[PDB]
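**Student:** Whenever a hint applies, use it, and build me the whole structure from the sequences.
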Amino acid sequence: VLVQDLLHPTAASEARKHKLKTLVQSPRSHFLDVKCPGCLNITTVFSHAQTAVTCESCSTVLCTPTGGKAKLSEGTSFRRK
Amino acid sequence: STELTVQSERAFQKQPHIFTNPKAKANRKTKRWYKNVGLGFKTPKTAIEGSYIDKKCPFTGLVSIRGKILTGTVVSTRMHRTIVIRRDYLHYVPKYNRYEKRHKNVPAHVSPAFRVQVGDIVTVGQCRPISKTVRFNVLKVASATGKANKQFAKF
Amino acid sequence: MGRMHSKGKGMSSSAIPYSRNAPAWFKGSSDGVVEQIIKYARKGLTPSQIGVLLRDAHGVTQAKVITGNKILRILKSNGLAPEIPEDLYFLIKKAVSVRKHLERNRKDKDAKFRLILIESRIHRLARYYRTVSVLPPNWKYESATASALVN
Amino acid sequence: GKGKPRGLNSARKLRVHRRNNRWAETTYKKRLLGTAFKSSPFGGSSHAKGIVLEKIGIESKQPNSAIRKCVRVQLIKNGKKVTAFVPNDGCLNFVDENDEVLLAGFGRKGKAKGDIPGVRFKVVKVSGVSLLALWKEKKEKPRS
Amino acid sequence: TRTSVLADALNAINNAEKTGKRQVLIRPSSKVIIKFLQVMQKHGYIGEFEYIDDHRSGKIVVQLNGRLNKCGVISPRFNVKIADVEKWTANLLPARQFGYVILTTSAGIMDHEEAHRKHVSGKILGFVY
Amino acid sequence: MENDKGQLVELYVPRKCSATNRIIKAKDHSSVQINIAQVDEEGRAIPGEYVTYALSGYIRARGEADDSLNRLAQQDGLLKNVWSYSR
Amino acid sequence: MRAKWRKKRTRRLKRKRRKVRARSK
RNA sequence: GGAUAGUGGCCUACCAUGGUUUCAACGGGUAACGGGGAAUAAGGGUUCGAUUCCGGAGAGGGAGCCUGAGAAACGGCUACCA
RNA sequence: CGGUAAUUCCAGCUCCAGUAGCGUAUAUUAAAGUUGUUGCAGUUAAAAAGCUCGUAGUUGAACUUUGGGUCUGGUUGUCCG
RNA sequence: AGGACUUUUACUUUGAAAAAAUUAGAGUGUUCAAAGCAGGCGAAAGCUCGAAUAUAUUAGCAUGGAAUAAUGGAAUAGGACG
RNA sequence: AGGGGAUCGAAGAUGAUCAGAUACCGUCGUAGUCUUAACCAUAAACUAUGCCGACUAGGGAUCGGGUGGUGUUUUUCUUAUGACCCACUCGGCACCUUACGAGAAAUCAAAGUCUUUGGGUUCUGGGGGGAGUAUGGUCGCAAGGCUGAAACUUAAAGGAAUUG
Ligand SMILES: [Mg+2]
Ligand SMILES: [Mg+2]
Ligand SMILES: [Mg+2]
Ligand SMILES: [Mg+2]
Ligand SMILES: [Mg+2]
Ligand SMILES: [Mg+2]
Ligand SMILES: [Mg+2]
Ligand SMILES: [Mg+2]
Ligand SMILES: [Mg+2]
Ligand SMILES: [Mg+2]
Ligand SMILES: [Mg+2]
Ligand SMILES: [Mg+2]
Ligand SMILES: [Mg+2]
Ligand SMILES: [Mg+2]
Ligand SMILES: [Mg+2]
Ligand SMILES: [Mg+2]
Ligand SMILES: [Mg+2]
Ligand SMILES: [Mg+2]
Ligand SMILES: [Mg+2]
Ligand SMILES: [Mg+2]
Ligand SMILES: [Mg+2]
Ligand SMILES: [Mg+2]
Ligand SMILES: [Mg+2]
Ligand SMILES: [Mg+2]
Ligand SMILES: [Mg+2]
Ligand SMILES: [Mg+2]
Ligand SMILES: [Mg+2]
Ligand SMILES: [Mg+2]
Ligand SMILES: [Mg+2]
Ligand SMILES: [Mg+2]
Ligand SMILES: [Mg+2]
Ligand SMILES: [Mg+2]
Ligand SMILES: [Mg+2]
Ligand SMILES: [Zn+2]
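Residue numbers (the deposited numbering), protein chains in the order written: chain b, 2 to 82; chain L, 2 to 156; chain N, 1 to 151; chain X, 2 to 145; chain W, 2 to 130; chain V, 1 to 87; chain h, 1 to 25.
Worth flagging that the hints you see were computed from the coordinates, not collected in a lab. One should not assume that every hint holds.
As the list claims (entries may be wrong) - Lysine-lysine pairs mimicking PhoX-like chemistry, simulated, CA-CA at most 20 Å apart:
| no. | chain 1 | residue 1 | chain 2 | residue 2 |
| --- | --- | --- | --- | --- |
| 1 | N | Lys-9 | N | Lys-39 |
| 2 | L | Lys-15 | L | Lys-56 |
| 3 | W | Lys-88 | L | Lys-96 |
| 4 | W | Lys-19 | V | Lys-5 |
| 5 | L | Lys-151 | L | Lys-69 |
| 6 | N | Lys-27 | b | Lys-22 |
| 7 | N | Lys-43 | N | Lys-70 |
| 8 | L | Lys-96 | W | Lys-19 |
| 9 | L | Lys-57 | L | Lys-141 |
| 10 | b | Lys-22 | W | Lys-60 |
| 11 | L | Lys-96 | W | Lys-82 |
| 12 | V | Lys-16 | W | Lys-71 |
| 13 | L | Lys-151 | N | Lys-9 |
| 14 | b | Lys-18 | W | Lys-60 |
| 15 | W | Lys-124 | W | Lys-32 |
| 16 | N | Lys-70 | L | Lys-155 |
| 17 | L | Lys-96 | X | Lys-14 |
| 18 | L | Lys-96 | X | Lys-5 |
| 19 | X | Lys-3 | L | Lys-96 |
| 20 | b | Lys-20 | W | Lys-60 |
| 21 | N | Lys-27 | b | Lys-36 |
| 22 | L | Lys-102 | X | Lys-14 |
| 23 | W | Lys-71 | V | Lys-25 |
| 24 | V | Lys-16 | W | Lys-19 |
| 25 | N | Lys-9 | b | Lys-82 |
| 26 | X | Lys-14 | X | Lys-50 |
| 27 | N | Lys-9 | b | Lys-20 |
| 28 | X | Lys-112 | X | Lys-82 |
| 29 | X | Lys-123 | X | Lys-70 |
| 30 | L | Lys-102 | X | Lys-5 |
| 31 | V | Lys-16 | W | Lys-22 |
| 32 | N | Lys-76 | L | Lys-155 |
Said to hold, decoys possible - Listed next, with one range per pair, are the computed distances between beta-carbon atoms:
| no. | chain 1 | residue 1 | chain 2 | residue 2 | range |
| --- | --- | --- | --- | --- | --- |
| 33 | W | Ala-84 | X | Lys-81 | 47 to 57 Å |
| 34 | W | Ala-84 | V | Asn-81 | 52 to 62 Å |
| 35 | b | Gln-51 | L | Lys-155 | 52 to 62 Å |
| 36 | W | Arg-68 | V | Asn-81 | 21 to 31 Å |
| 37 | X | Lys-81 | h | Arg-2 | 31 to 41 Å |
| 38 | b | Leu-21 | N | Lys-27 | 28 to 38 Å |
| 39 | W | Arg-28 | N | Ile-116 | 48 to 58 Å |
| 40 | L | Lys-105 | X | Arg-32 | 26 to 36 Å |
Yeah, the Cβ is synthetic: ideal placement off N, Cα and C, and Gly gets one too.
**Tutor:** In structure tokens:
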């Protein structure tokens, strides 16, 4: 503790700490490419989305607002961006 | 705050001892006398071709500018033919090594050649005692507006 | 963690990513993003809702990253910036709502204090928007002006 | 960090704060109010003459049992009346009734000294001559 | 609110020195902090520090070696005339043989001895020894 | 410390903590001085030849004595990877 | 003595003095 | 415009309604003449400065004035009050 | 201190301090870090307004050329003439 | 040495200024000193060095510097140049 | 002032206890307690600790939110929730240990980073008593609130802790 690296702390400790508290502050969020069983369009959505995101082709919601991050619509298949 | 008539009061308003000959047929506007106060101060063209009289004009009147030159900010332009300038400064209390914001109100006499309004920073110059309290004649309106040069927003 | 008008000490916020430039995976066009912003504004949406719509339904991380200008700046360039800034307008709406609740029931003193707090915040924000000259120098806040601006 | 302001342009409030706090002292308040000139038996005076009215002794406090031999004197400069103390073994008899006596301070900043209650003034001279010269028989009372 | 950032930096340095550490993480990392730590490096009271760009005020990581004993800002940056430098050194530094009143002159942020060498003086920043 | 001619006038130029570089007080009755014996090729502790580390009483009281000794021994090639410079 | 009852005695003195002044005001 | 040696609400005539102020104006107190300075002394300061020098004011309190270049003089006059 | 053995009162002896000066009174300064800008304290010793908003006042995040190479002038300590 | 434009400060270095007496302080056997601005040296035949300096920390004037602290540019381009 | 009017209970009525007892114990008992308007602005209104900001030390829990678990029961066949379990984080009322820091100590994780004295800022105190009294304002219908001395007197008053 008396001698310790702050310029290069362990990446495990990086994921340990809070956002806004890293060496350089970086968001923990990410984007997703979701496909709805309806059509073949790939929709880009946010992990912590705040709106009932729907595909422009069909009036089917793909996410759902939540106190934290998005909860999907039980049938959409996603890939992390 | 300036009357449309070039003379409005009961007495006639003329520049003393400058005479325009009516028998002559040159028929120029008048014979207007003027001077430059020096110190590299530009006489305003509104005074150069103007039609006011202002006995106490540094540029057209008999008053001469000499002595102190003070820069201040206008705090009251809304009494006739005269201005009230707020001069701010810092008095140094040495027992604490600390400064103290202070202000003084300097009356002055702004010529009609200048268009002044509340908030304009003004360079003013010393002269003879003009009234009981005014001893300075406005010599330059440095900041005409300051932050009102651009007003509208039409892209 | 200041909470200007209360005793809160929270720091819940968002950390802007280090890289200012566009994300590698984004394929959209900046001109198309500007057109989308313009259309959303013409629908009658404030810049914050425009940003939230671009972040959720599309891959726009943030307008300044993609276009180079901010959302309100983009709207102003096209002349769609509202005459009252969005935060001040929302404060006006909240104040008029609490005043309505007050005039419909007098005995509630807590909402009276909250209205005092909201009015103080409105005064501070109005002063700021007045020294920057976004609002005219004669702009002020009294009763029945908030309703006129909101309605 | 501290109650007082520290900014470079905070001289005004520091000065007025010191000026308002100075009244908490007793010496400063006395000096500025001028209480000595108005209320004290002498106004800024180290000594003062007076006329003996009567010849009284006052008992001492609890731990000290005696009767200190004082004298009531009406001041001539303004007319106030104060008790004063004649300091020595056999000096009471030296001062007689209705003679001019020069009173001085009692040394305790205008407050009662020791065990003597309600007195604040010594006696230095009587009828023009000093007590100390009489007590050692160096001079004698003129008896006028 | 954070009024004097250099005060926070020097307080963090003092706290992380008294506890016996060898490093500090100063968050706001202005020009003045960089110049102050650079002077301390020049005079040896500090080790090998580091600026970490965040695109937002950056940060600084400071390496110590236990040689320092106290930093400290004179929070009101008093206008120090060239005659008053000696009085400040007497009132702040523990001995005439060492210590340095870091003050900001028009010729940059410099230790008091260097400023006296240039025969120039300005406002006072802090003191190190 | 130094006389103008150039002779020392100080007495007992004091030791310093080997982990925090702070001097050791004369009456610092918490500080210790560890000796670690040098080891030859066949594991025989060579007598009278060792390496000394002066740990201050402050770090011992705080609780960083063993960690500091771990780091200090790792630096001078005594223990293999017992201490990581990045926590 | 308690500060409470000294306060109350002062208040009763003010009682009497206020009634007297009101009579002679 | 008058008066001034001369600028100046200094005074008059007619207009305008203005000027100062929480950066303490105005009022009250000063057993206050201002200053150069004195005592005190780690540094910062606290108190004093009627008086040997420079300024100001006064000749019992008030007003008025002749003479002159210079006085509202008072070891110059006029009047009132004491 | 003085209540029948007074190292304190009145005296004699001896001694001490300053010394042609010393003692008193008031005022004032240092002592006073008991005015605290340097430099005071506020839990209980005196002292955090019952709490919040708020004009003036005081204070207020970071950022806008930092580096280098040469020549050259004084000043030093250089080695010695 | 002339037209021309001057972002403005706060800050700080240097200088001119801040009357003499006083404070500091150089020289000087008033018999020493407080002091004073004196005196010293010839062969005794007139020859002489002096009467030094600094500080005042505010206001004003000039000057070099550009860190620290503040204000102002170009957003309707009514922006800068040819 | 208008409404109510159960309980409990200033005043009062008594019955006891006592030397006295119009006090404590007891029984009744108006005003009040409960409310709609209008006043009042004081409390040991206390954490007797001003607010904002930074840093400094270890141990668990607890509340609100959010992340992850190849976790466990749940049952609606599986899953989605929910409820727990483990780990982390933000914010809050808090708590245990300790001095390596601070205090006159009791003690404080702030009452620390203060003679190695300066992050910004507001209010208050200069021995005790007189005294939060008088007077003068100002607010209040009234009660009283805010502001608020001196004369004089006194060598102490007071804080924490140690032994009796
Ligand atoms: Mg008796
Ligand atoms: Mg007088
Ligand atoms: Mg005088
Ligand atoms: Mg005086
Ligand atoms: Mg007098
Ligand atoms: Mg004189
Ligand atoms: Mg005269
Ligand atoms: Mg007389
Ligand atoms: Mg003559
Ligand atoms: Mg006369
Ligand atoms: Mg005479
Ligand atoms: Mg005369
Ligand atoms: Mg005569
Ligand atoms: Mg005897
Ligand atoms: Mg104290
Ligand atoms: Mg108590
Ligand atoms: Mg208390
Ligand atoms: Mg409080
Ligand atoms: Mg304000
Ligand atoms: Mg800044
Ligand atoms: Mg002089
Ligand atoms: Mg002398
Ligand atoms: Mg009723
Ligand atoms: Mg009863
Ligand atoms: Mg009974
Ligand atoms: Mg009962
Ligand atoms: Mg009952
Ligand atoms: Mg109270
Ligand atoms: Mg309280
Ligand atoms: Mg007291
Ligand atoms: Mg009391
Ligand atoms: Mg009253
Ligand atoms: Mg006790
Ligand atoms: Zn579809």
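**Student:** Give a verdict on every hint.
**Tutor:** Okay, the hints, checked on the actual structure:
1. Under the criterion of a C-alpha separation no larger than 20 Å, the hint pairing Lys-9/N with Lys-39/N is inconsistent with the structure, at around 38 Å.
2. Between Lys-15/L and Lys-56/L the CA atoms are separated by roughly 9 Å; this keeps the pair inside 20 Å, and the hint holds.
3. Between the alpha carbons of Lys-88/W and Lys-96/L the distance comes to roughly 15 Å, so the proposed pair stays at or under 20 Å and holds.
4. For the given pair, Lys-19/W sits about 37 Å from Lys-5/V by alpha-carbon distance, which is inconsistent with the 20 Å threshold.
5. Simply put, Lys-151/L and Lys-69/L have alpha-carbon atoms about 33 Å apart, too far for the 20 Å limit, and the pair is violated.
6. For the given pair, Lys-27/N sits about 31 Å from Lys-22/b by alpha-carbon distance, which is inconsistent with the 20 Å threshold.
7. Proximity of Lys-43/N to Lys-70/N is assessed by CA-CA distance (about 18 Å); at most 20 Å being required, the pair is judged to hold.
8. Taking the CA atoms of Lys-96/L and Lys-19/W, the gap is near 35 Å; set against the 20 Å cutoff, the hint is violated.
9. Proposed proximity of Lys-57/L and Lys-141/L is supported: the alpha carbons are some 15 Å apart, at most 20 Å.
10. Note on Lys-22/b and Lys-60/W: the hinted pairing holds, with a Cα-Cα distance of about 12 Å set against a maximum of 20 Å.
11. Of the pairs offered as hints, the one joining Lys-96/L and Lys-82/W holds, with about 15 Å between alpha carbons and a cut-off of 20 Å not exceeded.
12. Only pairs whose Cα atoms come within 20 Å are accepted, and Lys-16/V paired with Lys-71/W is accepted, the gap being roughly 18 Å.
13. Distance check on the hinted pair: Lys-151/L and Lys-9/N sit about 41 Å apart at the alpha-carbon level, beyond 20 Å; violated.
14. The suggested pairing of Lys-18/b with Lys-60/W holds, with an alpha-carbon distance near 17 Å, which does not exceed 20 Å.
15. For the hint pairing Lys-124/W with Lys-32/W, the CA-to-CA distance comes to about 16 Å; that is within 20 Å, so the pair holds.
16. For a cut-off of 20 Å, the pair hint linking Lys-70/N to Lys-155/L stands: about 19 Å separates their Cα positions.
17. With a C-alpha separation of about 13 Å, the suggested pair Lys-96/L and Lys-14/X falls inside the 20 Å cut-off, and the hint holds.
18. A hinted pair counts as satisfied when its Cα atoms are at most 20 Å apart, and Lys-96/L with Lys-5/X qualifies at roughly 15 Å.
19. Our distance criterion of 20 Å between C-alpha atoms is met by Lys-3/X and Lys-96/L, whose separation comes to about 19 Å.
20. Taking the CA atoms of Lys-20/b and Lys-60/W, the gap is about 16 Å. The hint holds against a cut of 20 Å.
21. The straight-line distance between the Cα atoms of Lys-27/N and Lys-36/b is roughly 17 Å, inside the 20 Å bound, and the hint therefore holds.
22. At roughly 11 Å between alpha-carbon atoms, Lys-102/L and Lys-14/X fall within 20 Å of each other, so this suggested pair holds.
23. With a C-alpha separation of about 19 Å, the suggested pair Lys-71/W and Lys-25/V falls inside the 20 Å cut-off, and the hint holds.
24. A threshold of 20 Å between alpha carbons decides the hint, and for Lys-16/V with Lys-19/W the separation of about 15 Å falls inside it, so the pair holds.
25. The suggested pairing of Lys-9/N with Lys-82/b is violated, with an alpha-carbon distance near 34 Å, which exceeds 20 Å.
26. As the CA atoms of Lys-14/X and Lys-50/X are separated by approximately 47 Å, the hinted pair breaks the 20 Å bound.
27. Distance check on the hinted pair: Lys-9/N and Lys-20/b sit about 17 Å apart at the alpha-carbon level, within 20 Å; holds.
28. Taking the CA atoms of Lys-112/X and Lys-82/X, the gap is near 16 Å; set against the 20 Å cutoff, the hint holds.
29. Proposed proximity of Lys-123/X and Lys-70/X is supported: the alpha carbons are some 11 Å apart, at most 20 Å.
30. For a cut-off of 20 Å, the pair hint linking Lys-102/L to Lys-5/X stands: about 18 Å separates their Cα positions.
31. A threshold of 20 Å between alpha carbons decides the hint, and for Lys-16/V with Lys-22/W the separation of about 15 Å falls inside it, so the pair holds.
32. Among the hinted pairs, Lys-76/N with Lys-155/L is consistent with the structure: their alpha-carbon atoms are about 10 Å apart, no more than 20 Å.
33. Taking the beta carbon of each, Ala-84/W and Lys-81/X are about 55 Å apart, inside 47 to 57 Å as hinted.
34. A C-beta distance of roughly 59 Å is found between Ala-84/W and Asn-81/V, which places it inside the suggested range of 52 to 62 Å.
35. At roughly 36 Å, the beta carbons of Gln-51/b and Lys-155/L sit outside the given window of 52 to 62 Å.
36. Taken as a hint, the range 21 to 31 Å holds for the pair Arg-68/W and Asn-81/V, whose Cβ atoms sit roughly 29 Å apart.
37. With their beta carbons about 40 Å apart, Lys-81/X and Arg-2/h fall inside the hinted range of 31 to 41 Å.
38. For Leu-21/b and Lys-27/N, the hinted distance range of 28 to 38 Å is satisfied, since their beta carbons lie about 30 Å from each other.
39. Taking the beta carbon of each, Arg-28/W and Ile-116/N are about 35 Å apart, not inside 48 to 58 Å as hinted.
40. Restraint check, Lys-105/L to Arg-32/X: a C-beta distance of roughly 33 Å satisfies the suggested window 26 to 36 Å.
Of the numbered hints stated above, those contradicted by the structure are hints 1, 4, 5, 6, 8, 13, 25, 26, 35 and 39, listed in ascending order.
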